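Colleague: Letter by letter, the chains look like this.
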Amino acid sequence: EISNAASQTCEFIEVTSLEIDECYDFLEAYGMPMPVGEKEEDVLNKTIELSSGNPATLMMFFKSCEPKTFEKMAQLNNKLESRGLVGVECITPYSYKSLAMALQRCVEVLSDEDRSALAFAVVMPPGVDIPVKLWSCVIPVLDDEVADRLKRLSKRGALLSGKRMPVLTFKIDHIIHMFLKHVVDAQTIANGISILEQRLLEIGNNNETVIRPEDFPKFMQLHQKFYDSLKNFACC
Amino acid sequence: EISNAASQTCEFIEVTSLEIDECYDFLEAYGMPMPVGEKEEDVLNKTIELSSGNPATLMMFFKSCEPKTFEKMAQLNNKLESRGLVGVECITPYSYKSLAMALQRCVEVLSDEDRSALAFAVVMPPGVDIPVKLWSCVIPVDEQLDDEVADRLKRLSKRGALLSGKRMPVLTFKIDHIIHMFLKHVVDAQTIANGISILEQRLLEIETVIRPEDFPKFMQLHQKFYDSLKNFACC
Amino acid sequence: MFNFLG
Amino acid sequence: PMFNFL
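Chains as they are written, first to last, in the numbering used here: chain E, 1 to 236; chain U, 1001 to 1235; chain A, 2001 to 2006; chain W, 3001 to 3006.
No lab work stands behind these hints, which were simulated from the structure alone.
Mixed in with the good hints, there may be bad ones.
Here chain E is said to cover these stretches of chain U; the calculated rule only asks that three of the stretch's residues, wherever they fall, bring their Cβ under 8 Å from a Cβ of chain E [claimed, not checked]:
#, region
1, 1047-1059
2, 1071-1079
3, 1100-1112
Distance windows between CB atoms, simulated [said to hold, decoys possible]:
#, chain 1, residue 1, chain 2, residue 2, range
4, E, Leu-222, U, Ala-1029, 32 to 42 Å
5, A, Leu-2005, U, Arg-1167, 25 to 35 Å
6, E, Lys-63, U, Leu-1203, 54 to 64 Å
7, A, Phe-2004, U, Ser-1111, 12 to 22 Å
8, U, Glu-1001, A, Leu-2005, 30 to 40 Å
Backbone N, C-alpha and C define an ideal beta-carbon position, used for all residues, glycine too.
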């Protein structure tokens, strides 16, 4: 948004997250052995999904992959889920020990209220497209205002992910998630989880390439699997 | 337990909670209009359940029933769950405005760990008889045999009569309603939600009737009295 | 933990 | 203490 400072021929070029093929290429480039078995190409889609297309964390991955095996690579695939970005923070061409140290700052500059919204998007599902109202449950203040915050939030460090149609929906990636995991107040995780089961049942009392229908928001139980893990995290 | 200090002729008389009938007698005793409609004897069995047979809070209750109507009596019955004992705290023959000032003391003297166990018995269902393992889930301890929970829940009933032990059919304790709603508006709003979730973990592994071991995995039977705490700790 | 012990 | 430093 700093470009709004300039009244001019402002032109823009966005560096997206490294697409899955470009990720293969980055691995190939420095001598990392490419898959065969299905749960190895899957292990690598696990890494690429986790490091939601991210140069720096990919490099930290290689640098921390010691023997080079897919096996010890999956070791890391665990470490990333049960230790967040701090599991793979390493000496890298990046000025930063870990992408989390960077995102820290990225999180500091934020409008106090946006700092709140972001702080809350933990208790969501990562790598999932979800409606504005479905977000209105955890986000502070017609709740379109949520969209204004979530837009500012992707605009200011590319922390979210907007997708206009089929329906105005947003989405949170994985690096940007495990940032928030081991970083937001351990309580506030469980508080956001509960505040969600609350408005969900609230909506309950009013009565793949497919978005979640308004007949079915009432059960976020679809993501119970990951939701159960988040719950296993906060309250211990 | 102070009696274990004395080596001598020791004899005991336990002042139990006012039985459902004696409360009627007590009501009649201080000019209380006796029910007619069904949802009036129900209003008063609601009071007797809520104030789990307790002279003092019952007296505070009359003293606070102002117009005398069963109506304002159900008003108080409401006032008690969503404002706690403070909805009926009054100038009473009791040295205390409300029973919370008493249990205060009863809770300070308590073994630190017992203070903890007690602090957690909030996240239960009140006026329900429930197993030791069903307690082992929420109650703290510094392996595989949890009788230590029972030892604590016993000290806890012996020492201010905060719980309620009941040997058979199966070794079970129980928390009453006043002794619960004490803890409601008094323990850390967090520790409640933490006990509810910390319960929802063990909650899966692999009427005048106790809950069977084929069915512990779903405490959802008591969903009502759990939806009220989840609603509570989110305010 | 215990709102002034009660 | 929501978040960390910050």
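Colleague: Do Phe-2004 (chain A) and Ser-1111 (chain U) keep their Cβ atoms within the hinted range of 12 to 22 Å?
Modeller: At 19 Å between Cβs, range holds.
Colleague: Okay, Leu-222 (chain E) versus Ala-1029 (chain U) on CB: inside 32 to 42 Å?
Modeller: The hint (32 to 42 Å, Cβ to Cβ) is violated, given that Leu-222 (chain E) and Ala-1029 (chain U) are roughly 59 Å apart.
Colleague: Counting residues of the region 1071-1079 of chain U with a beta carbon closer than 8 Å to any beta carbon of chain E, are there 3 or more?
Modeller: violated (count 0)
Colleague: Please count how many residues of the region 1100-1112 of chain U have a CB within 8 Å of a CB from chain E and say whether that reaches 3.
Modeller: violated (count 0)
Colleague: Look at the Cβ atoms of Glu-1001 (chain U) and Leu-2005 (chain A) and judge whether their distance stays inside 30 to 40 Å.
Modeller: violated (20 Å)
Colleague: Do the beta carbons of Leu-2005 (chain A) and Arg-1167 (chain U) sit within 25 to 35 Å of each other?
Modeller: holds (31 Å)
Colleague: Taking a Cβ-Cβ distance under 8 Å as contact, does the region 1047-1059 of chain U have three or more residues in contact with chain E?
Modeller: Our answer is that it is violated, as 0 residues pass the Cβ test (under 8 Å) against chain E, missing three.
Colleague: Between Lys-63 (chain E) and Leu-1203 (chain U), is the Cβ distance one that fits in 54 to 64 Å?
Modeller: violated (42 Å)
The structure fails to meet hints 1, 2, 3, 4, 6 and 8 from the earlier list, while all remaining hints are met.
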